[PDB]
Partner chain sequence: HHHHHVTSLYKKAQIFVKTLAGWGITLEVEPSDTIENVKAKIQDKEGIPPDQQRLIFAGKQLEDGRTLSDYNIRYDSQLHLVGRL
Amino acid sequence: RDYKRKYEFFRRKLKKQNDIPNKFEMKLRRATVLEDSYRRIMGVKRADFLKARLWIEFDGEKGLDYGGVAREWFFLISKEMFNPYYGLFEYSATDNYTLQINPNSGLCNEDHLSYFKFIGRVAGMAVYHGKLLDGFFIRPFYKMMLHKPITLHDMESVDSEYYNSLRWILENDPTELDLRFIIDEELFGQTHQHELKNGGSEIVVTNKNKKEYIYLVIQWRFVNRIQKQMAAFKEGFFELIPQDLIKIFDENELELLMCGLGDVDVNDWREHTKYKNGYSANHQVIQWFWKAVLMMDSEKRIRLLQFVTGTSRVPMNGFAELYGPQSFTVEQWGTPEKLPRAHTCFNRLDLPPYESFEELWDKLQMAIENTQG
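Now that the sequence is in front of us, could you give the structure of that chain alone in the form deposited with the partner chain bound?
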């Protein structure tokens, strides 16, 4: 709600560069986006160069829509940067789709850290150019970006059964379990113990020292073994975004500031849509409307979303989470000679009852192009 005033102020505070070329050129191959994007971007000693309008061209393709090609790049690179295959990132657990910095990333790749900085730069780029990365990260990540403490609570959303194991210890006598100040870890088939403090293998966990046990296990689960990587990331990110400017957002907002989906799911959109003045899900005009939305590309879909809601922010989770609280609505207004109009105030599209699918497609597309002016 205040995010609108915040994001406005944020962008207003984001200074334009006056000493830098008109476009940032990128000449990439889809087959090797990571390599190609990495070399180019980590070549640039001045971060400011990356604030130029992104001019990206894949596999020789000439003269495509600049802001639409960016959209693709941010998606494809995000797909590659965050692929756990590489061991920079990894899934929070098995049967989890969220992501976290892999502590053993340096074992995987010796130059992990410059790749982390790179990802930070690419993430800060996304922000700077009002675009988004395609990533489900754990709240801890966003906390660590604000230098905010990690807690036992934070483990629940990540791993409930493991959180419960620690919660149990908080509320019950651990003497039963003959534990030590060690955590065992498996990496590349081998297993390893890790002492949580000096000589932790010799230290029994008891009622007198369990609150210390819990604390230390959290730092080890989330903070201690990813400082170098997260630092690198933060360095790259803040090369493009001032840290003072990021300070006004919290951990929830900061996921909405930089993460989100690069296409609006249509089933989700259709699921959370209301109709007024004769229209209805199985009405002919509504059938044609969704046919259009379905047969758009992501770029046309996002331009439509902006036309009607006034934003391009795809949250993840739901269209239910769309704030009073107002969901998407489609009302009958006017005649076929009138183009359709929107009310970002009410998240409402006023759609005349058209003769055909193609009429609706054209009249709507023009109305959107009329707001591009």
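Numbering follows the first chain given and starts at 1. Definition used throughout: the rigid core is the maximal C-alpha set that superposes within 1.5 Å between two forms. Compared with the form solved without the partner chain:
Per-residue Cα shift between the two forms after core alignment stays below 2 Å for all of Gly106, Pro174, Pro84, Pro242 except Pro174. For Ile138, the Cα coordinates differ by under 2 angstroms between the two forms after the core has been superposed. Here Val285 counts as shifted, since its C-alpha moves by at least 2 Å between the two forms after the core is aligned. Shown in the overlay between the two forms, fitted on the rigid core, is a CA shift at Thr309 of 2 Å or greater.
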Contents of the next structure:
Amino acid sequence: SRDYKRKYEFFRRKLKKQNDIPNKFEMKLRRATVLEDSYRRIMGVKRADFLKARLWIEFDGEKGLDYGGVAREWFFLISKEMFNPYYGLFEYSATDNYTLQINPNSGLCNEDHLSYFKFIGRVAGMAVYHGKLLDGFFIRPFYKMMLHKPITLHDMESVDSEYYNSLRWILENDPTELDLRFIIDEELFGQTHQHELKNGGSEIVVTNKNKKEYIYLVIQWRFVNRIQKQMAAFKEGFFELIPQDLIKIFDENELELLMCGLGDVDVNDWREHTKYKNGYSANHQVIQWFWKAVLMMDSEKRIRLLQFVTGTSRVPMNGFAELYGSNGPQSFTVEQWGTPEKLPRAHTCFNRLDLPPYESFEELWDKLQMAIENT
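Show the same protein again, this time as the form solved without the partner chain rather than the form deposited with the partner chain bound.
Lone chain follows.
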């Protein structure tokens, strides 16, 4: 089998260029209204294929800028907007989660919500086609639906752990005596909202005979049933740029990496393939604090810290053992530099972080976290 790197190259080779298309796709936007300007342009094009041309984007009439950097910036600003829960299209999968899911109440926030989902689909397709990344992380089920893969009880763990354990227990035990019904009780606005999992579900008891169906219907209610049209609109837009047969060479994990460049960064590997400069050591107090910090950071921050130091968000296949600097092989490096007053700096060409010898872990947390926020 092919690994991700080979899958991607294979993927790019099959993604043929369009010839019956204008040499470039011109869209001039205003920062204050990026979302509405992009939507109107990207949803108005004669053919979706026009979005495959080289991106010619102009912000606020600003002439003379490198079109390649402007595009990359656009993908960033537009992501910020599309995925903002303020718009009612997407929403955090949970209060303690940073991941996104389709808001089942999309239509209530926006009557024309379906075309906006097709738009977000087109933009997502544009990022992948042009080898750029979107800014946003979706729940695993979002990626599975794209690949037409089954949503499983396990996908629930990563989202709602309490819901996962209740269903796991039901799977592993005879639930009959609990007298459960084919219904889901959702607590909203200080009230309990009961929903039939099926017709007459309130009078149907969950037993060993129908519990697999029960679990399935619960998973569908949580991830699929109420967002069928939203996701359908999104997929239609996406597949106007990327044929779905092609995207199917990847799995949910690879797809996530391909689109948003996100993934679980093995801190252990990182830790073990890091070098220390100017008095620093693996046992050195400050270093211990640095790794403690990284360990408690969000997947998003671990990645952006990596970006800050490396100059990229990418983690080399085969781990950090094969991390490359600017002039060849260069392990992630941390060097003692400066006084506790100044923030850490990053020499990307050497994949090195200059870290002052802080006197408190919490101080180190602050300083480091701030230096990452500018990146």
